[PDB]
Structures are given as C-alpha cells and as structure tokens.
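Okay, so here's just one chain, in structure tokens, the form solved without this ligand.
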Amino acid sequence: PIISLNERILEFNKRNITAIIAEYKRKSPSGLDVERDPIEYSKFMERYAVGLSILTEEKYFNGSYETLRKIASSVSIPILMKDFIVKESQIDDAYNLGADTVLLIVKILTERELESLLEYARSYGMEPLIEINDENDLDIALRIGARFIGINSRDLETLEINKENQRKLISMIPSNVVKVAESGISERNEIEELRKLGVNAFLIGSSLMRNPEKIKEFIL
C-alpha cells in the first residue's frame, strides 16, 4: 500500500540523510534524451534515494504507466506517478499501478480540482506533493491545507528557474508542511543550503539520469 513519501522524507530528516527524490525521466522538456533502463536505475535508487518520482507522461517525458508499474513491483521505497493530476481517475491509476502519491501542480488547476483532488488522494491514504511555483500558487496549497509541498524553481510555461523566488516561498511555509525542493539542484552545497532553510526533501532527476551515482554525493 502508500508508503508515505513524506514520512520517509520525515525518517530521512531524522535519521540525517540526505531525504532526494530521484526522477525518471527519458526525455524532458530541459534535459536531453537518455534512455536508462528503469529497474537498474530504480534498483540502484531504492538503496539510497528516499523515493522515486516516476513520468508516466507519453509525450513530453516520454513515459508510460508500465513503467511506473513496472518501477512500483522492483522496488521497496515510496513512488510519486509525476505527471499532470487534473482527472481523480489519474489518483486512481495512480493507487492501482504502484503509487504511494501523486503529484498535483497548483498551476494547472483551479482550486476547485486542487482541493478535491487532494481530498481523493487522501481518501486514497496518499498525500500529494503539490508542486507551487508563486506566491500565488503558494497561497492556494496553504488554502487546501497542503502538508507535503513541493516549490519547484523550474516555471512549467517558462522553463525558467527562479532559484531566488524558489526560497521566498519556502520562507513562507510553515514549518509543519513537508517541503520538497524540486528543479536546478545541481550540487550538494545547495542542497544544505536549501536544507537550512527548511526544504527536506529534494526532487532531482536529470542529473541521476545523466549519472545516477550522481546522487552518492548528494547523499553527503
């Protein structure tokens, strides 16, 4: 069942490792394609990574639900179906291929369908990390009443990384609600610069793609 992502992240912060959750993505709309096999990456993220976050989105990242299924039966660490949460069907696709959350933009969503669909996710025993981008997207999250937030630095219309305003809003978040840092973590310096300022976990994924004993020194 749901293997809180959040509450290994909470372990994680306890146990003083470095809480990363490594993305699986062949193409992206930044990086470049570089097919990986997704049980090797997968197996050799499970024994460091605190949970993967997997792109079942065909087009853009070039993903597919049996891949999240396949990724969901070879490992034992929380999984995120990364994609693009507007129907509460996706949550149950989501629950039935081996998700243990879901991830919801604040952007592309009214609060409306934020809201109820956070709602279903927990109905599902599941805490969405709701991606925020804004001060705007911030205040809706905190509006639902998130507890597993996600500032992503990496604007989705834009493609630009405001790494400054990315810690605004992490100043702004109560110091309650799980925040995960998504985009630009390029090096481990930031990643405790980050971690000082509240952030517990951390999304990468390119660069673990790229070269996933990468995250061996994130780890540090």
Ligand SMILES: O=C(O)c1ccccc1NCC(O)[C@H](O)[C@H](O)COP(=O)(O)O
Second form
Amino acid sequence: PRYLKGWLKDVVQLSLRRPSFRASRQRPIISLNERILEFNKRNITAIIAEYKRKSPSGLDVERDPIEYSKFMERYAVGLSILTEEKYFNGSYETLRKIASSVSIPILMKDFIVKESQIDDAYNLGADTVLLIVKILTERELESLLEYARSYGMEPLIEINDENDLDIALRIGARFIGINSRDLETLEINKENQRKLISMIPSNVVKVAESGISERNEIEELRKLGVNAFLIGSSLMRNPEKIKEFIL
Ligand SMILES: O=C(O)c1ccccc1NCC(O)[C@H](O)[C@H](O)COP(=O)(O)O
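Now the other one: the form solved in complex with this ligand, given that the block above is the form solved without this ligand.
What follows is the whole complex; the chain from before opens it.
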C-alpha cells in the first residue's frame, strides 16, 4: 500500500491480515458495468444501492440486510455491500447471505490491498470489486486489476483527485467511480467531483459516489455524462427514497 496516516493507515493494516474465506461459488458472474450500459440505453436511472450499518462519519442504523436487498432489487441496477469490519460493521457472512438471495450484480466494498481479498469476493458470490487508487501504488493497482479480470470481473476504480485519474487512465481502467468524499479527512467536495467527471474519456462507464440525497442532484449529474450513482446513507436511513430517485 501507499504511505498512509490516521484511520486509513489502520484499516489498511486490518486488511493485510484479513483471513481468506473458503467456499464454492454457485452462480456465474453477472457483469455490473455491462448492466449499467443497458439501463442507459433503456433510459432507466441506474442506481447502485449500498448496504452499510455504520460509517466513520456517523451513520448508525439497524436494518435487515436480506429484506433491504430484496426490496432494492426491484429498482437498483446493482448492490454494493460493505465487508469492512471495524469501521462499517460489515462481514463476509452478510455478503454471502445477500448473494444467495438476489440475482442482480453485487459489488463488494472494502479496502482491497492483496489478491486473497479478490478470491474472497469471488468465492463469496460478489460480481465485481472496488479498488481505491489513493491507498495503492501504481504497480499494486495494475496487478490487482489484472487479477480481478482473470476471474472475469471489471473492478470499479475509485478516484478523488487529478493524480488518481492520471493513474487510472494509464493502467487502462474502463469503470471509474468519482468519489466526492476524501477518505482521509471525510470532507465532501461536489465541485472537485464535477471537474473530474468532465475530464473522463466518454467511453468509460462513470459512477458518482457519496453524499447524494436528492433527485435534483441525480438529474444534474446525469446531464454531466455520469452513467450510474452509488448511494448509501440516504437509502439506509430511508429505503423508500429509491422510488423518488428512480422517477
Ligand atoms: O461511506 C462513508 O460514510 C465513508 C466515511 C468515511 C470514509 C469512506 C466512506 N465511504 C465512501 C464510499 O464510497 C461510500 O460508502 C459510498 O460512495 C456512499 O456514500 P454515501 O451515500 O453514504 O454518502
């Protein structure tokens, strides 16, 4: 990983020592990025609904993971499940129950710094994985990117600044997530996110991440060329909003 400080340094250490999970995979891979493109042509807003119990920024809600997912399944383009244990209260067991219950694409959200985590995602039933440019060096990113493709997955590469985008573009990323929240300081900056969305090649599927709570926000981001939206907090607090985001 890269030189890190604070909580990013801690969570990355927890991940280096994360035990692998052994299990048989039932269903074949369902591509999340190809499905976002088909929602685009059908002119249906593509929302990736996220399940997370806790968050360092203050979220804290109790809600059944299976019911929430079966519900989101009627409208969402895919699901994003947190598997990080200490800060998000996630677990590999939750991803597993979810994958056996629905049949739409699943993104595994964690801090992936080593190949065994991708084996974990595959064996658990996830369809793709998230790779964060700011915590990895260029070589590590390039290696983790190839490893995931060897399983037929196109991972979601997350950027937060221009330096991250230079790197993602160089290694040939085709599915990018622009995150408005800075992992290190927890600050949200919608402006910096808009500048970045505008610098991205039009042939890569773009996903806007963090701080979205209103439908006007989604409408604005869409005309800006964004293909999909990853929404966690607002949907966890009020599952019902999915109906408003979708009209
Ligand atoms: O989600 C958080 O609360 C959080 C807090 C500190 C550091 C990273 C975090 N998450 C980053 C992230 O990618 C989020 O899980 C999703 O993009 C959705 O953000 P949300 O919709 O909840 O604002």
